[PDB]
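Engineer: What follows is the residue order along each chain.
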Amino acid sequence: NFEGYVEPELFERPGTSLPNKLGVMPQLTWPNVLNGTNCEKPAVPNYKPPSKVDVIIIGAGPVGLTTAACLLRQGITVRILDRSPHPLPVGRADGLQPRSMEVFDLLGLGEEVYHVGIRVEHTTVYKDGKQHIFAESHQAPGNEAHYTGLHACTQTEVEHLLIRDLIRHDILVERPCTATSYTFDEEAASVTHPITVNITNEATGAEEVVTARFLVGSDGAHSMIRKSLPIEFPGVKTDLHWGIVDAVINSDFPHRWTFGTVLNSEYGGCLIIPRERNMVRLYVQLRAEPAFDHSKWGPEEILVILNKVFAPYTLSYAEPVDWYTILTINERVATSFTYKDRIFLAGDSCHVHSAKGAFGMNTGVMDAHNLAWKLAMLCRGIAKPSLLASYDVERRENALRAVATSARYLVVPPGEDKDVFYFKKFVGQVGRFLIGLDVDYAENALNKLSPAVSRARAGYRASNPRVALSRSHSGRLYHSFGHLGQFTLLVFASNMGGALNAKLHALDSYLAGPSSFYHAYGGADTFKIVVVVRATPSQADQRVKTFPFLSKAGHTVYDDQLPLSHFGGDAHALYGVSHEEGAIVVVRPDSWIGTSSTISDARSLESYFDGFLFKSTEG
Amino acid sequence: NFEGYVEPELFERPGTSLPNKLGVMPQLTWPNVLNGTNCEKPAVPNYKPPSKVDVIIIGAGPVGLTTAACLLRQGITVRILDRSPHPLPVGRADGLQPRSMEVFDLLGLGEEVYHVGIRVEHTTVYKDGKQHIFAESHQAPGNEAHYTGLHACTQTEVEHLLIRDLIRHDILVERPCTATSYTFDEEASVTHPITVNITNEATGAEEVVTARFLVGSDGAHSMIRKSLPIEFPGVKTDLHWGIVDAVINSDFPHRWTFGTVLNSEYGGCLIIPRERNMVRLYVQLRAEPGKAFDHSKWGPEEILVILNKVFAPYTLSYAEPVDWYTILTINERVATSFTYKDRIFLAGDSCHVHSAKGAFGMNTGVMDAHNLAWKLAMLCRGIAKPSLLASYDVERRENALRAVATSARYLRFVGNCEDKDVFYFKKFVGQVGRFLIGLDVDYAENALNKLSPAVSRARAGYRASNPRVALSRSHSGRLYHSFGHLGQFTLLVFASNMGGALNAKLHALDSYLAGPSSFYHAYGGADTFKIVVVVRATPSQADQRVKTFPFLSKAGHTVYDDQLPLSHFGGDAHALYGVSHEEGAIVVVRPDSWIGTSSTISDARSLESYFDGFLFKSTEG
Ligand SMILES: Cc1cc2nc3c(=O)[nH]c(=O)nc-3n(C[C@H](O)[C@H](O)[C@H](O)COP(=O)(O)OP(=O)(O)OC[C@H]3O[C@@H](n4cnc5c(N)ncnc54)[C@H](O)[C@@H]3O)c2cc1C
Ligand SMILES: Cc1cc2nc3c(=O)[nH]c(=O)nc-3n(C[C@H](O)[C@H](O)[C@H](O)COP(=O)(O)OP(=O)(O)OC[C@H]3O[C@@H](n4cnc5c(N)ncnc54)[C@H](O)[C@@H]3O)c2cc1C
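Quick note, the sequences are listed as chains A and B, same order.
When the letters of the first sequence are read in order and numbered with the deposited numbering, they come out as residues 6 to 193, 195 to 296, 299 to 418, 443 to 651.
When the letters of the second sequence are read in order and numbered with the deposited numbering, they come out as residues 6 to 193, 196 to 424, 448 to 651.
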């Protein structure tokens, strides 16, 4: 006894971008599926969110939505709202770095961001009509990374998939609902919910107050929550300007379309970004003088200056403009990202960078990811103040790093071009940071450097080599990690023979005891044991069975890859583990290395966990 | 009470390919890990292979190894031999099509073939120094397919990853062992009517093995094919390709992008990008007038002079010693039959040989092996009627006959030679460019493929669509992820939102299937089928309704068809398979992921005679 299915109602939203001589593209959308509460038949039926919530989220852009989704995966009750009546129809951010892709894949959303748009794996450089560079680029090593290159997947499409994931968890974005004010009882231990937020529905007029444990401010560049705190938002209004267009553009450019840069020392530079559906996005330098004037800079105006930059190649529109705008470059970074461990900024509320870098969605999503697993452990009370302090530190300084490299985006060998040689050297110094594999967290309570392995480094990306999860399934070591509420204890065990056998038996006895760090901080509620055995699956299952605690609570994985070279790379060599001493690597929930230890030193982790965690016991 | 871990002995095997002025690269290997029984201590300790196995495999090239790997998933007992003392050090095939990627992914080996080498997603075409074409190519659409483009993954890497997968299953390739002779008692009923006579050519020890079935993956000069009254026709063009893998420097504006460089005077060149900054260049070499072709005349250095004539005015020069070099003579042949009395089966180059240029050999070979192995497994289980191994023969032979035809069309212009050369290539790409990436592997009707109008798009004998779906509230993946294992058909029960008209029909089907005489139970139950209920609703809405059908929730697996409506921002499984929300559908998906048939929810009885067309009745447990 259920109603039949009805196909969702298409609406072709018109385009708000300035047109060209062909028009502005409309944008396909489905308001009932995508507009949250602001619709006639909501994708979640009879959605009745509570008045008391663990986390309230102001802002339902890419960063708020990611935060919503990571929390919902940990069982944290959540409400989220956004002032706009519908998600972004087109434009703004347009692609993801390899490391952003890794994040979605760890959340179970890898298929939604992969193979949406095109893939960028090459770069070109031209100067004054003459090709200088065409090369493979944006690469990650296959024996350490699944994803490589940049991936076109726009902000619209990211909002779509994240809204659909919230729906799958029976959560809707409340639109179009503004958070007008909020209170924080800084003074009151007895209280659980010292936050109240007044919400006003700009469609219907109804007000509301929610009480919440924690508040996440992800409301963009002009954040009211940031403005309400003793936080400053310093930066430099460069007053340099980009004209940006997204469209299908016919050209005789030999490399249509390839990521890269077209330099004219005469007329300034152009940046090419290939797009889905035979489109290209073109950034172009914009300078005006006889004060910067927005009035005479339309889509057709910049195509005229574009043809001057690509001489002798010429560009002509083949269809109506998909997107278009002028951007002012202002880079800003909040002095702090936390406040009293109750109000938390993430995304454009914390930092604003030039669009050119493409950091906002990428750095934003990685902010939400860093925040959400720490904030979630705060909701079940095992998080010491240090843990959420590491959020502010780790992501603020990464925001500062993004600011330095965007500034310098802008001594030569004799037979060499001055502006192209500083490009190859730029690509060399920051290339891996531009793809996310070199996001670098300095030492803190969570990142404890250790010489126990020669290569895996605290505060740095965990390496993702190929391993066998079973006899039949040969995938990636990331696939064995725990969920967002657990730390992954990588226990490298060699082939569990030689010297290490005794040490592993010791290790087994330490861990089973109720005073072990595993048991001391919650057992399987906060840890996932992975035993990495460099042996055949039959030799390993045999041997793992002699270790009663390891067999009974560990998940064995088979490190059966060929030795490190251009034909292989096992986890032991790629993490830098000694076959005599073993290792216990602590991978944080977000995939970054936390610390490491030898099998003998497994007791050193009691101190390491005490730095940011309170003791806990499994359920 | 276990010995400590010893790191594998590395050996740099010298190259046997002719050098350039800088030499010939050695090739990294690890004899104790990769050479099977023929090493000092094997990677499977005390491999004691039985003298009586279900299936014995002759040849451990990509095809034989793939066949072993599929059978070992199924619990078939297997012995696999190869005359050669080690696997391929370098060269021959260098890449996989998107559809071969899907085949590895279904076997659980997708991560071993992805991100091994480079990826080809673009084509260029030059003629007489002027560029004519530079575009995205080899695309598959993302709302239907995970992989797209060409993936560089060599025969060497493929053999590596398949040998390692056999080690995980405690199987070693028996090297360097030759099947000298074999007997097949057609007289008698015995379980094991095949005996194979084996000589190790290292130690001279002979041995006899008894098998239920024999697989001839022994290559182009298959001894097994010759023993059988099976013909191997085709034409030997004595057209010649010069092939060279090397790091090559060039001022070519597109170095290196897949494509073709034409020169009117000097013929043509095919480009293939490779890992580690190499490139593969095919170039035509033509025999002088009257005289036969003289291999003696063409080394790496000579080939490079022809390449610089073909690429004028851009020049090429070696930066490193040659990684690989050979002269292939194109000779395309197909066996008149691929099976023999459903006891000896051919797969790979023993069945068909192609122009390397087309890169058919390894991709079709893996797909043959895939096709063969699941049918052969049901034959070992007993449930296979002869009609099914018949479908192996005609599916793969016909596909081989198709593959020959498209390169016969390609190779006429290239040997011969608004621009009419580039025009014929654009049309050629538009016509076969998706069979060339494998999505148009197209099986004609037979017992296994019955066309059915119950759905608008899914089609018997064609590739099952792979749209995005949610497998849980937090895991949004692909529909292939729900499919059964290699000895199961996937019963894709499209159920709409389980509401309206269909609620009644689906309640009937629930009680139909639960009976011991429904097609599900009659042909094996969970031993032959997996049910997937594809609900176009939200997860908790779907979970609730599914609870109201007791057999479907008891025995089916719910996936959530929650993408946006089919467009450029989405595509639900219901729309991409062509299901009507009034009728529903039971799309039957074969083990290899080709569509078998479909019916409406009310026509569930129609599948009964479908499965009797090629299966014996079975009972779970
Ligand atoms: C015009 C423009 C162009 C851009 N171009 C690029 C680009 O080319 N490349 C790139 O990488 N990045 C670009 N960005 C940045 C990118 O859009 C953001 O970095 C990314 O969306 C992350 O921002 P966010 O999710 O934190 O918030 P945003 O998406 O900026 O906005 C957060 C949301 O909060 C809501 N909100 C604000 N105040 C309230 C309130 N009081 N109550 C309720 N809801 C509220 C807003 O409605 C908004 O939807 C651009 C941004 C803008 C504005
Ligand atoms: C020179 C050359 C170049 C090629 N180039 C390309 C290319 O560019 N692209 C492409 O896609 N394909 C190419 N191929 C084809 C590719 O090598 C084959 O398609 C692929 O190996 C599949 O063949 P197969 O596994 O069936 O047999 P193969 O790998 O060719 O050989 C089968 C195996 O059987 C073994 N064997 C033979 N007889 C016996 C016996 N009596 N007892 C035991 N073992 C035996 C052999 O030693 C060998 O290991 C090339 C092949 C060759 C020979």
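The set of hints was computed from the structure by calculation and includes no laboratory data.
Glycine included, each C-beta is placed from N, C-alpha and C at the ideal position.
Heads up, some of the hints might be wrong.
[Said to hold, decoys possible] For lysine-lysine, the following BS3-like pairs were computed, each having C-alpha atoms within a straight-line distance of at most 25 Å: (1) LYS316(B) / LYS298(B); (2) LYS364(B) / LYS348(B); (3) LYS316(B) / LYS26(B); (4) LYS243(A) / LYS304(A); (5) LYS132(A) / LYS135(B); (6) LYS647(A) / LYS392(A); (7) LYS577(B) / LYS53(A); (8) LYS392(B) / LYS135(A); (9) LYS348(B) / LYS304(B); (10) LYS298(B) / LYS577(A); (11) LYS348(A) / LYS647(A); (12) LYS316(B) / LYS135(A); (13) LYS233(B) / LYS316(B); (14) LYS26(A) / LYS316(A); (15) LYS364(B) / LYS480(B); (16) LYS392(B) / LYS316(A); (17) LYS456(A) / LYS392(A); (18) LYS26(B) / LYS456(B); (19) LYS535(B) / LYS560(B); (20) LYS135(B) / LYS135(A); (21) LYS132(B) / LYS456(B).
[As the list claims (entries may be wrong)] Cβ-to-Cβ under 8 Å is the rule here; a few derived chain A residues that face chain B: (22) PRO13; (23) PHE458; (24) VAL462; (25) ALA531.
Engineer: Taking the numbered hints from earlier one at a time, note which ones the structure violates and give those numbers from smallest to largest.
Structural biologist: 2, 8, 9, 10, 13, 15, 16, 17, 18, 23 and 24
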